[PDB]
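Peer 1: Spelled out from the first residue to the last, the chains are:
There are 2 protein chains.
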Amino acid sequence: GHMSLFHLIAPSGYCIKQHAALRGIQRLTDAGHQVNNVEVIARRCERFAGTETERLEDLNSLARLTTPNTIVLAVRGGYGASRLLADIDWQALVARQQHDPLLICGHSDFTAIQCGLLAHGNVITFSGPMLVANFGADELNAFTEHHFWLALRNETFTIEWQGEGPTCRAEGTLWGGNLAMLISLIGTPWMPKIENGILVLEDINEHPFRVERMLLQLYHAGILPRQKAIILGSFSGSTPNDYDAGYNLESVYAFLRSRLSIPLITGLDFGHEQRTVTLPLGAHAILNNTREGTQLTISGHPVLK
Amino acid sequence: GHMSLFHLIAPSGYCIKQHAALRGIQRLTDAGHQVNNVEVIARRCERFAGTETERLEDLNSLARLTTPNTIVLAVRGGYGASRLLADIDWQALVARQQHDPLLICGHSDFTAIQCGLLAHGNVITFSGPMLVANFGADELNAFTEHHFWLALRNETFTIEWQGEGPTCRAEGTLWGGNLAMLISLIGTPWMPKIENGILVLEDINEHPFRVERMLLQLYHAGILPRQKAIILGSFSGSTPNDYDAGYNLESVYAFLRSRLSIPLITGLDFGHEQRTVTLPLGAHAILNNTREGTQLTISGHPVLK
Ligand SMILES: [Mg+2]
Ligand SMILES: [Mg+2]
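So the sequence lines, in the order shown, correspond to chains A and A'. A prime marks a further copy of an entry chain.
Using the deposited numbering, read the first sequence as starting at -1 and increasing by one per residue.
Using the deposited numbering, read the second sequence as starting at -1 and increasing by one per residue.
Mixed in with the good hints, there may be bad ones.
Said to hold, decoys possible - Listed below are several chain A' residues computed to face chain A (Cβ distance under 10 Å; list not exhaustive): (1) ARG42; (2) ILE181; (3) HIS218.
It should be emphasised that the hints constitute simulated quantities derived from the structure, not laboratory data.
Beta carbons are placed, not taken as given, at the ideal position from N, Cα and C, and that holds for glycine.
Pulled out of the complex, with its shape left as it was, chain A reads as follows:
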């Protein structure tokens, strides 16, 4: 059916949840997949998944990786990608992806690498599950599993959900990912300058006020109002404390909405929850929000042949 090759990379934090990574590896292999580069799991340097040299070579070595239909799977997030950005051989990776592209998938910290690929070569990659959090969870979430294989196997596919926002249609380049990581790139060479897009954002363990602060920066930098639509994903561990006294994500949505002339849709399952979709960053998307529900139709990404 869809037995595949996965190739691990670990540009970010040390894998503390050794149990969960080996559980993810075993689950993939029990399903008939094969996993290369399993040695990245053991690697450690302080809080990083190996030395600057080793994490860097995980990425730069992808230019020589030639097996057909290889899924490159980030192990986990944390911190560490930001240290690598200046030393990544962006041209060589962009060149590699022009023919028989690797199918590169991860989320969180990995956003920054995905962003730099976009900035340098419009190279499409997948914001979606990673080895430890998703494949290595106690149960593999079926929604996430479905949506991963849905994107990677179908040249055109549709996601749907009961989103909140105006009834609207919008079309443009799908981009975004982890909000904090996108913010961390403003002003740098790896910030994608995508206008007229569909920008999708999520985050984890950011209090609402921080989420607002970040969205407002994207607003004030002129990024939000240049898009066709904004979609908000999951904002995990973002419940009010006492001091908030009614201030919550709803307030954040209201505050940004009062400044935007373009639609903002919320409620997509995307980011760090056990339910996440897989979004090909740099692909084409058509957003349609009606009274019956929301759809996002995506095309242009590379798929398993």
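Given chain A, put chain A' with the ligands in place with the hints provided.
Peer 2: Chain A' with the ligands only, in chain A's frame:
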């Protein structure tokens, strides 16, 4: 001696520590100071110190505030200044500060307003103590008290400390403040574009990896290497967790140092600890680090006559 007028403003979070604000007011008044605009203490709207309208007018009303030698004192930080930035009458405030300037002092969230004043009119303001955290603490810290009145009363003054870094001399415009707030302005109209400066940074309850992430953005955006020197202040609530496995502020300093050709000095008491200096943002500074210690000589700011 130096009995003065203070005028409160509250652009940020609701004052939950009512006890501490009234304690700060009482301490100032027991010393012979007078405090106006004491009604801002009661104000509340969700997590903010009043409605958008009310917090905004705290700032815009400063243009009509004409008493000689008025110290405008921010009550507290939190979140809220970012919501105001687009609606502040920057020109009117810049114009006000051209003659008989208000002496405006605060830290934390207030950084963003201080930044916008710099960006629009090179208007000097003071990164230093606020009503609740500093004047309203159980004891008024003598180091902080001394350094506050030191800056406000002396046209030229010198701070000294046992800083760590290369032996060096550097000269240029003093700028910076709260690191997270400075980051939140990158790409926006309120980011100061100060080259050849002395950039001083601090923060609170940011883990080291976040501190690094922010410093690296300032590095990758081209801001750090355009300065003459970088000074790091207090980084409060920034001790490692278990996962860090040796990763700490020292690592952060090392990592940035390996990328910078300009000196980076650490160890200044500046920011959120009970000991903080008061730095006039936009003033002229001469940094001198020798084997005996570090000095920073500052001039050009407005003072009490
Ligand atoms: Mg709107
Ligand atoms: Mg250096």
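Peer 1: Are the hints correct? Go through all of them and say.
Peer 2: Comparing the hints with the structure gives:
1. The beta carbon of A':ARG42 is positioned within 10 Å of a beta carbon in chain A (closest approach about 7 Å), and the interface hint is therefore held.
2. Evaluation of the A':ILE181 hint against chain A yields a held restraint, the C-beta minimum of about 8 Å falling below 10 Å.
3. Contact between A':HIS218 and chain A, as hinted, is supported at the beta carbon level, the nearest pair being about 4 Å apart and thus within 10 Å.
Of the numbered hints stated above, none is contradicted by the structure.
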